Structure formats: structure tokens, C-alpha cells
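Trainee: Below, each chain spelled out in residue letters.
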Amino acid sequence: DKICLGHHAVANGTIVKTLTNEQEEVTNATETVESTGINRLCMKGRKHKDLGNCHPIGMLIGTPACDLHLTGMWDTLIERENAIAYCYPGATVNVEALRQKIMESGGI
Amino acid sequence: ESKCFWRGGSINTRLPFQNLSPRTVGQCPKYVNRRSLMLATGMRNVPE
Amino acid sequence: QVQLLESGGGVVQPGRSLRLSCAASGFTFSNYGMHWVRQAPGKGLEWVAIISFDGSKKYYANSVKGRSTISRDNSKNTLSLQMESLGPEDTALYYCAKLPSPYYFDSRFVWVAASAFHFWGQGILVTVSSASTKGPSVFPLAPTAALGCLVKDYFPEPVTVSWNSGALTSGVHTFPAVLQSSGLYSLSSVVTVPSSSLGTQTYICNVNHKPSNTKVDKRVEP
Amino acid sequence: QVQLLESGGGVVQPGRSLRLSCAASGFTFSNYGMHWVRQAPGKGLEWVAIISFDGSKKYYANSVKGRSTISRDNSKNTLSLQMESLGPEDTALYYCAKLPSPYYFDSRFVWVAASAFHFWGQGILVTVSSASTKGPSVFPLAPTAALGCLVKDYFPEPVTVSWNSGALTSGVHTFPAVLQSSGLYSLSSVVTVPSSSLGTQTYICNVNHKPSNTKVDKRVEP
Amino acid sequence: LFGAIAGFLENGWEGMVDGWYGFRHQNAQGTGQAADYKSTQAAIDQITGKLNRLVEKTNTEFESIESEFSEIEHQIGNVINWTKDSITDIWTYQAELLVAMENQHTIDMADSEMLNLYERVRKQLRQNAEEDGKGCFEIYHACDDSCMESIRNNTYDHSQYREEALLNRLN
Amino acid sequence: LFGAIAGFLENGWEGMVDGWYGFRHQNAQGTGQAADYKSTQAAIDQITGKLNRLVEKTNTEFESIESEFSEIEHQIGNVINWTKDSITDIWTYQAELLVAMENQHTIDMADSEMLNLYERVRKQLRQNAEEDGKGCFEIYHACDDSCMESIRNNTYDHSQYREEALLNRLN
Amino acid sequence: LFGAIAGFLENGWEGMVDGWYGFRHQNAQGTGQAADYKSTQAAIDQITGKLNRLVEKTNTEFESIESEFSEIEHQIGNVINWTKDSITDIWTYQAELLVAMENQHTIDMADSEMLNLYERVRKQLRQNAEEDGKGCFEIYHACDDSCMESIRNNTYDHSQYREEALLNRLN
Amino acid sequence: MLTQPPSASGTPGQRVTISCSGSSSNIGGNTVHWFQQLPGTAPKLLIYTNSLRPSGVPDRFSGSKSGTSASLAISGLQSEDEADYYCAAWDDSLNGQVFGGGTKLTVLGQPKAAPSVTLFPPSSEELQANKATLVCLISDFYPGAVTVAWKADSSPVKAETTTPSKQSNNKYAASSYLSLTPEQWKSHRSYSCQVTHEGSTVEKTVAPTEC
Ligand SMILES: *[C@@H]1O[C@H](CO)[C@@H](O)[C@H](O)[C@H]1NC(C)=O
Ligand SMILES: *[C@@H]1O[C@H](CO)[C@@H](O)[C@H](O)[C@H]1NC(C)=O
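Chains as they are written, first to last, in my numbering: chain W, 19 to 126; chain F, 2 to 49; chain G, 120 to 341; chain H, 120 to 341; chain L, 435 to 605; chain Y, 435 to 605; chain P, 435 to 605; chain X, 640 to 850.
This is chain W alone, in the form it adopts within the complex:
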């Protein structure tokens, strides 16, 4: 009589990188680097407020395009690319700091 010992294997193995071998074959393995995302803003469970064509500065100064967003409460503020801040042309001193302060806030 005779009895032997051994391990299992698979036909299509998975290649992993180690300290001593760049290409080592193992069983079904797992990827650790994510490469795909969702092209959406999942806001379920979040009281979001979409500014649309409104810019954070227009909420403080009261531009027409921000008439819908002069006041309110939110846990996540969303800014868009077409955000208009000035109906009358002009600029704002230290606009980046104020924009950060507004986007970090949760109500006005």
C-alpha cells in the first residue's frame, strides 16, 4: 500500500509580484488597485445643494443667478464650471480664500 501528499493547482493561474520573483504563479488572486469609477455624484443620504449656474461669491453678494441660493443649509455644496459670480463685471480680492471658506461651510 502507499499514500502520497500534495497540494492543489489550477490550469489558468494568476501572476503576482513578490520580493524574490517578479512573476509568481498562484491560484485565484485579488487585484488591489482600483481602476474604474462611477460617472455620477451619489448624494443619497446627503443633503446636497446644486449651485448650477451660481457661483459661491454670488451667494454672498446676491447676484441674480444665485437668487435661489442666497440662504440655506447643506452638508455638501456642489459647484459647476459655468458658475457666474458677477452680473456687473469685476473681480474679488483673495477670491480663492473666500471660495474655500464658502465651499467648506454648510449654510449661509
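Derived by calculation from the structure, the hints in this document are not laboratory data.
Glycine included, every Cβ here is placed at the ideal spot set by N, Cα and C.
Among these hints, one or two may not hold up.
Claimed, not checked - With beta-carbon atoms standing in for the labels, derived distance ranges:
1) H:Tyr178 - W:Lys20: 33 to 41 Å
2) G:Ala296 - Y:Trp447: 54 to 62 Å
3) P:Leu531 - L:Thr492: 19 to 27 Å
4) X:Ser732 - L:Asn493: 51 to 59 Å
5) G:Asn196 - X:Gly695: 53 to 61 Å
6) F:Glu2 - Y:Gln475: 52 to 60 Å
7) L:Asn588 - W:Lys20: 34 to 42 Å
8) L:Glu597 - G:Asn196: 54 to 62 Å
9) W:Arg58 - G:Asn150: 25 to 33 Å
10) W:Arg58 - H:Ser289: 51 to 59 Å
11) X:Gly715 - G:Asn150: 37 to 45 Å
12) G:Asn150 - W:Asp85: 53 to 61 Å
13) H:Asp336 - X:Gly715: 41 to 49 Å
Unchecked claim - Below 25 Å or equal to it, Euclidean Cα-Cα: the simulated SDA-like pairs (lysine to any residue) are:
14) H:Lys253 - H:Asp336
15) L:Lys484 - W:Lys20
16) L:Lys518 - W:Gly31
17) W:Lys20 - L:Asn602
18) Y:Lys518 - L:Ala529
19) H:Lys162 - X:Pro682
20) G:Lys217 - G:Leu137
21) P:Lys568 - L:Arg556
22) P:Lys518 - L:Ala529
23) X:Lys683 - H:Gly161
24) Y:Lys484 - P:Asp545
25) X:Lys743 - H:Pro160
26) P:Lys568 - Y:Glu565
27) L:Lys472 - Y:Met450
We have chain W already, so just place chains F, G, H, L, Y, P and X with the ligands on it with the hints.
Mentor: Relative to the frame of chain W, chains F, G, H, L, Y, P and X with the ligands by itself:
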């Protein structure tokens, strides 16, 4: 529902690394430039 | 994902046979080894049976060994259990569920995973006795303050109670059932409200009893 | 660094003996075990011989076993190979080179290194036949557009071709040789140019043939 | 590296889907296969614990320091780019190191569990058989299917066949 | 993982305060206990060297970049907060990794030293006894307290009892 | 740590330049030395793979954020100094950790390969000799130079000398 | 003797793979090697120890070894990588390095315009050596599938050269040389070369004339 966001959308994953964008907001994994990193869940495969 | 269906409940007399059957979806059922467990009314958990993913070995529990039979079919994704000679020690809630078990009761596909697929769904509540399936009797408990509804003299007890079709859930208290000297149970359910709206609102309590097809609705007034 | 010298090429008749010898510099030769490999014309690689760093064992290839002899000298940093009874199966390019080999064929100094000293230098192109070393005959192929030079009826074929002493290298195409029914080879080499400079530039093609000491220069004209 | 998975076991058993470390026997009854529960469960538990400690991360909240729809000052923008690229490189290197080390450790841990099960089976078959080297056990007298299960159940008694093996090896 | 601490030794000896790896014997004289100096000292020296290389740190001098009693500009303050929180997370992850790896390595190194001492004692008791598996050594003839110390002193001679053991195992 | 390099082998063979793990024999012919190809090549390949994975680095392009010939604003300069010194300390710690761990792993891997070759030679010399402990093999009958090469070529048959060894050990 | 898969094909940035199989006498158990031979020049070492690369190898190349079979992968291939690729390994029984057959790969070239066909009559000095040669070349075309038909006075003959892909544009080039004697060269008047290449509609014809 999600907890991580970037310019292109949301990130819903349990992995600790991603290669989409280095600029992420919220509770996000850390951005890596490596395209792929395979972790081994088995022993050496010795074909017959 | 976590969506199921269960069948086999009702009122079975002692001595006959009970047959329960649960079918799940949202995953590959043909790999997870499933378990049948029972919990007597009140507290206390006692395991009933385990089955392999292919049905190789059963290994029944000594409390019901040689008396019950567990089986599974992976084509229709169903798990059934049949037991005979139902004494009073079998009236309990029977849960079919996927628990962390030995590895060969599961498949090689879910060994390399930290997901730990979790389950336990809902219950069954098998009861054995001289059936006498009775209909419930509802009485409105009418006068901060409170008001409620009392449901008495029915059998069995898979009873549910809601306030305004299940809208008001604040300050509500649904109390456990009480068995009495006529083989019948009772149950009170109350809700609190400040003492300024006695004759103001439409307070309605709804009671659903499944093994009598009974739907009762009542209103409270001073 | 990578600079070498090779000797032993020419036209050897079948039945006689070939003797090749390569000497390298820019490194410590006394440690790297060296290899002799051959490649028949066209494609196909066949290993010939290996030698230790000190010459302990040869382990010839079965195709030339007992018929060839490889040797090395570490004082002058030279590696020689001698073979007799040169049949038609020996006409090939012989490369002396350092390849990844067993560790004891190398020295203990380069074991602990990831450098992997790489080589293979140039070729030798040994040919065996009724020698008849002939001189080449050059003809100018004259008319976007193109123009070239055709070299025919010579032997052997370590031939090289350049355009204006090796200056023009864009759009050039050097075609492989063609052997014909007189034991002689031919070779065309062309170059393209837009159709606006027919009688404008000085187009000169140069042909070098080593085992006849032949240097030919020709000009193209409409 | 132990000499079990990449050593004296020169071939894996693709047909052994019962577990990672199992037994294959050939006796007068025929050929049979089983699997050891302890080593397989140990390896599975260790790998699942690794994965559990790996996938958990609180990921302290961060916010936006660079504007996406407006221009930032050039010097502070260059500083932010430098800092974020340095952080990216650091995390990339740490990811590479973690992945490589964890894969090496997982493979060598599977090898160690294989060798530990081998030593357990040897301590069970102490004086009644010999190991040929290629993972097999040249049993000198016999072993029934019940004897095989006793080897699995860790209940094999060697004092029952000791004198038999001695008499077979002497004569 | 070796099969010594978490393998065939299914119980620790809480009453053995003499060392980490010691001997417990039961002969005709009675029961006795001792400890091996070499393995215990090796483990202690390795752990103390780990601690010594761990606790030393020059900690290059740093200074304050954020004001505590005045207001900083908002953008540069956000940049500093982002940078410092990233550094905090990096150091936290590295601390977790270092602690976990070092604990695993310390436990497995204790296990390896236990198994090495086991193999030393086996090479000493080469042909005069057998190992039952549960860390014990079934001596087939005898061993005195002086024989026990000789096993400790690494001076046990097996050619002195070889023929005795052979005659006891045959008859 | 295995008991081979820092354990029972109390002395290295400086005169053995043939390889990392070789054989030294003394028979009636005299004294001879050789080297095993498999273990030495395995160690060399593993170390070269380590070095190859180590020396490769793309090193993402960086640019200058601090001016060398003009004065930078004091606050942003202090921020840049703080960030760069923190990055320096992080990389220094990671370099220390990587170097120490890799050296430990290389030494212990050489030890493991030595012990694996030892176990291979033992599985070859299964029942015809005994191991004295100090890395030597007390052959009980004999071994020719051709027998030594057969031990090297992994072709030694023990059933050819089994009865001879048994008769020599009994009588 | 190793296996000889002769050819592999792909597109720029496709990660094509070439296999090299054998037995335990050569693969093992043992280490394999890979080399790159650019068309017309000397080989360059690419892969040693089955996964390691020397200095001048970009990280786009990679090698592997699965049991008794090895493989070669090229991730970021471009136009400057069309070359010959051979397999190599040390043999256990045969005390030496035994190689494979080889592999000639070519990228999928977008079908370029019809080749720059230019007909060349033999020069006045070529006829002075008792020989004649009418050259009709076709350069910068794709693919290599083409057939040239010679017509000696609208009559074919009975009893060519082509270079590999260019390093920058994967353009092929062909050239035929019809050689006869002066008695057989001056016996005809009109020579023409037709083409049935897969990149044109009808057979393109170019014809010179004597004097
Ligand atoms: C590996 O197994 C996981 C589950 O453990 C599964 O999600 C995945 O698809 C499998 N991959 C392969 C290639 O088998
Ligand atoms: C060690 O070996 C390397 C090559 O592997 C050599 O460059 C170096 O000079 C050697 N150093 C010593 C101290 O031997």
C-alpha cells in the same frame, strides 16, 4: 450612496489604492501611479 | 441582493409533519452550504441541521437526530426541511441561513474572500397545538397623554400592529403577548402625545393577523 | 567598455580546418565563462561550445562533439575555436559571447550582482565551398522617384553598401542577396527622393567587399 | 522557503478540489482521496484575517485645496503639485512593498502549513513506515481505508504494528 | 509558522518560570524541571537588539510654521493642514505595519528557536529514544538526573546505550 | 532562524569557493570536495531577482519650487523647508526598514536553502547512514567517489545497501 | 530542442505574447533567456532568469515561466520594435544551452498607398558584361502579399528581393531582377511588370522601351 468624490464622479470601493486621480475629496483611498498590483490569495501553482 | 421567500408556516397539529422551504436570490446559491436553526419562544438558540453545498453529509443534531430531514436543490435555489412527530418542544421560529461553517461545506470560489456573506432573513414561527385558529378581538384604549389598542383572544400569534397604515412610529410601544387560561393570547400597543389634541386628530390603529386573514382598523376618541 | 576584436574569417575550402579567435577588452576577462554559438544563414540558432573561466570542462554539443575544440587564455584575454572536416553544415556566422550560464562557469565576484554583463559583439560568417573568390560587378540603376545600385557576380558575401560615404540613410533600402546558377550572388540597394532633382545633386553609391579588397564607387544620372 | 511546495513535491494535484492539503492513497482496495481539515482551515483563517485587517480603513476626511474652475497662484500651485506628487510616490512605493511582502509571506505560510501537516502525519506514522521523499509514505505492512481515516482523525497507533514492521524489515 | 508553539505543543508550562524553553522530566527518582540557557539567551538578545534599534532616534529639529495666537492666511493654512494630516496618516499606516510585522516576527522567531532547540535535543538523543509527538521524548531504556544534565550540557553519548536500546527494542 | 547556518554548523568553509552549499567527504580514497548546483543557483537567482526589482525606478519628473539665487518669502519658504525635511525623514525611515528587513530575509533565506538541501540529502540517505549533528553524515558501510557523485546527482539508491546496513548495525 | 512558434502578430499597444515550451531536460527546473535581433543588426539581451532585464531594456518588456512552459510579453510596443525574437534555455542532459526556433513578428500596418513603383531599364554598361537585368521595384507598401508578373512581349517567363518592416513606418519594399543573356535580351522589344497586390484596384503596369 457614497463617501468619496472627485472631478469625474464617485468612488465606491474597499481597495486601499486607486489610479484615477490624485485629487480626491472625502474618505478616499490613496492614489497610486502603478497600473496594477496583484495580491496573492493562494500558494505556488505547480502544473502537472 | 438580500431578498428571499419562505413557505411552510401555519398551524400544524401535534403528531403530524411540518414542511418548511426557503428560496433566496441575488447570489449564487449553488455554492453556499446552508443551515437550519430553531429558536424557542422567548430566548434560547438551538441548532437543527446543516447541509453541504452538494448534499454529501447531513450530520443532524442529537436533539432531532433521525427525526428530521434537511435537503437542498441548487437548480431552483431552494432549501427544504421536513420533520415528523411534532411535540411541544418543536414550537419555535425556524431560520434558514448561511453561517460561517467548515470550508468544505462551502465552495472553493468563496474561500479566498473576506466578504463573509451574511444572512438570516426572516422567521417562520411554527406552532403545534389543538389548532382552534381564532380571530382577534380589538378594543380601543381611550382616555401629556397616551392612547392605544388592545387585541385579545386569538390564535396563533403572528400578529402585527401599525398606526395610520404604518406612518406614526414615534413614542409608540408595542408590548409582548400574554397567554391566559383559555389557550388565547393578548397584546397591548400604545402611543404617547402631548395633552393638547384630544378631539383634534384622526388616530387609527390597524391590526393584521395572517393565519386568519384578519385585518382590523379602529379609531380612538374621548 | 564594449569593444572587441575578431579574427579567423575568410574563405576556407571544405575538408580543411577553420580557426577563429576573439579578444575583448573593457572588463576583466579572466572571470566570465565564454560561449561559442553558430547561426546558419537565414535564421536558426544552434549552440556550439561552452568553456569554464579556467578551462576545467568543455561539454561540447552533440552536433559537433569530438570534432571541434574551444579554448581560452586569460593572460591575453583571448578565446579561440578550431574545427576540422568543414562540411556544408558549418557555413554559418560564429558568435563568441558571454551568456547567462551556470554560476561555476563564472567567478564568485560577479555572482552577487544584477549587472548581467551583456555581449555578442559582431559576427564572423565562415563559408566553405570551392573558393573561387570573385570580384563584384556594379551597375547603376538610373531612371517621387528612386535610384540605386546593383552588385552582382562575386563571392563570398560580406558585402557592405553606403550612400555618399555613409551620409544619406533616409529612405534607403538594402535588399538581401540572391544566389544563382553560377555559384554567385547579387544584391540591389535603392534610395527614394522626390521628383524634382533629377539633374541636380551628386548621387554616389559605394560598395565594399572585404575578401577581395574591393572598393567600388558609382554615380547615377538620367 | 520550505522544501515542501517548491521542494520535494514536484507536482501539484489539480484534481484535488477537496482542499489545499489532502491525502491520496492506493491500497489493495484501490485509489482514494481525502482532505485534511485542520491545515486548510488554518490557512483560510489566516488569509481571511489578513484580508480583514487590510480592507478596513477610516480614511480621515480631506477637503479641496486646489481650485478646479479658477487659476491658482503659480508658486503655491507648484508647491501643492510637488507635495501631492511626493505623497503619490510615497504611497506607490509603500503599496509595492506591502503587496510584494504580503504575497511572499502568504506563499511561504502555505508552505509552512504544508510542512507542519507533513510533520504531524510523520509523528503519527513514527515507526511503521518510511518517507520516500516525493511526499509519499511507503507503508511497510498495510493500511485500510479505516486506517487511512484514523490517520486523518489523528488516531493511528504505531505500537499496534511496531513488532509487525520490525519482523517484516528484519526477515 | 512552525509546528512547535502553535502546533504539537498543545499546552504551555505556566509553572516554568526558569526560562522560555526548559525541560521537565519524570524518572524513577521523581519529577524535575530545568531550563536551557542557550535558546533563552538567544531569544532575549534578539528581542533586546530589536528594542535597542527601535528606541533610538535623532529626530531632526523642527520649528513652528503655524501661529497659535494669531490668524493665518486661509489658503496657506489649508495647505499646511492638508500636508500635516497627510503626514499623520502616512506615519499612522507605517506604525501599524511596523507593529504588526514585528509582533508576527517575534512570535515566529520564538517558535523557530523552540524548534531549533528541539532539533538539537533530538540530534543528541539520535538513536536511543523516540519522540511521541507532544513535545515529549519516550526514552526506551532510562535517564538519570546526571543523564538529564548531560542532555542539558549537550554531552549525552548515544553509542553508550545504542546496543542496549537495540536489544530492548528487538526482544 | 533555522539551526543550520547559525545552529549546528559551528564553522564555515572558507576554502570552499566552489559554491555556497557543497560537500566535503573523506573516504578510503582520501579527501574530496564538490558543490551542489541546485541550491546555489536558487539562492543566486533569488538574490539577483531582489536586486533587479530593487534597482528599477521610473522616478516621476520633478521641478524646482525653491529659488537658488534669489530670496523666497519667509512663510512659504518655512513651509517648503518643513515639507521637504518631513519627506526626507520619511524616506530615511523607510530606507532603514527596507535595508534591515531585506538583509534579515536574505540571511534567513540562505539558511532555509541550506536546510532544504540538508533534508534532500537526508531523504537520499534515508536508511543507510546517520547524521552526527555537526552537518556530517556518519556513513555506516561506505561510499565511493562514484557514490558521492550519485549523492550529488540525486541518484543514490538505499535499497541496495539497506540489508548491508541492517546487518552491520545488528552484528 | 525547444518549440518553434514561428510568428506572432499584433498592433501598437496590444501586449502580444510569444510562448516557448519544452521538457524537464531543458525548461525544468532551469532558467530560460530571451534575445531581440533587430533586422539587419546584432542581437541584444532582453530577459535572463526568466523575469530579469539588463540595463537598456524599457519596462514595457516582460518575461515569465509557468511550470514547464515560458512566455514573453511586450506591453508598450511601437514601430521601433519590429524585430526577430528567439528563445533560449540551458539543457540538463545535453550539457549546454538549447534554443528555440524563433519568431518573426510584424505590426498590423494600416494599408499604405500603392508602392512607389519605378521601372528601370538596364544601363548601357550592364549589357557590356554579356548580361542584362531589368529592375522593377516597389517600395513603401503593405502588406507583403503581392505578385509581380513579367511580360516579355506580352508573354510571361519561367525561371526578387524584399526588406523587413521599416523602424519608423513599417513600410515594405520589393524589387525584381529579370536576368537574361544578350542573345535573349535583344530578342524582345517591350518589357513590362504588372502587380496583383491587395492594395490596388487593377494591375498597375510600367513599361520601358529599347533606345
Ligand atoms: C476569483 O474568486 C473571486 C471570489 O473569491 C471571484 O469574484 C473572481 O471572479 C474569481 N476570479 C477568477 C479569475 O476565477
Ligand atoms: C564586491 O563585489 C563587487 C562585484 O560583485 C565588486 O564591484 C566589489 O569591488 C567587491 N567588493 C569587495 C570588498 O570585495
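Trainee: Hint by hint, where does the structure go against what was stated? Just the numbers, ascending.
Mentor: Hints 7, 15, 16 and 27 are the ones this structure does not satisfy, whereas the remaining hints hold.
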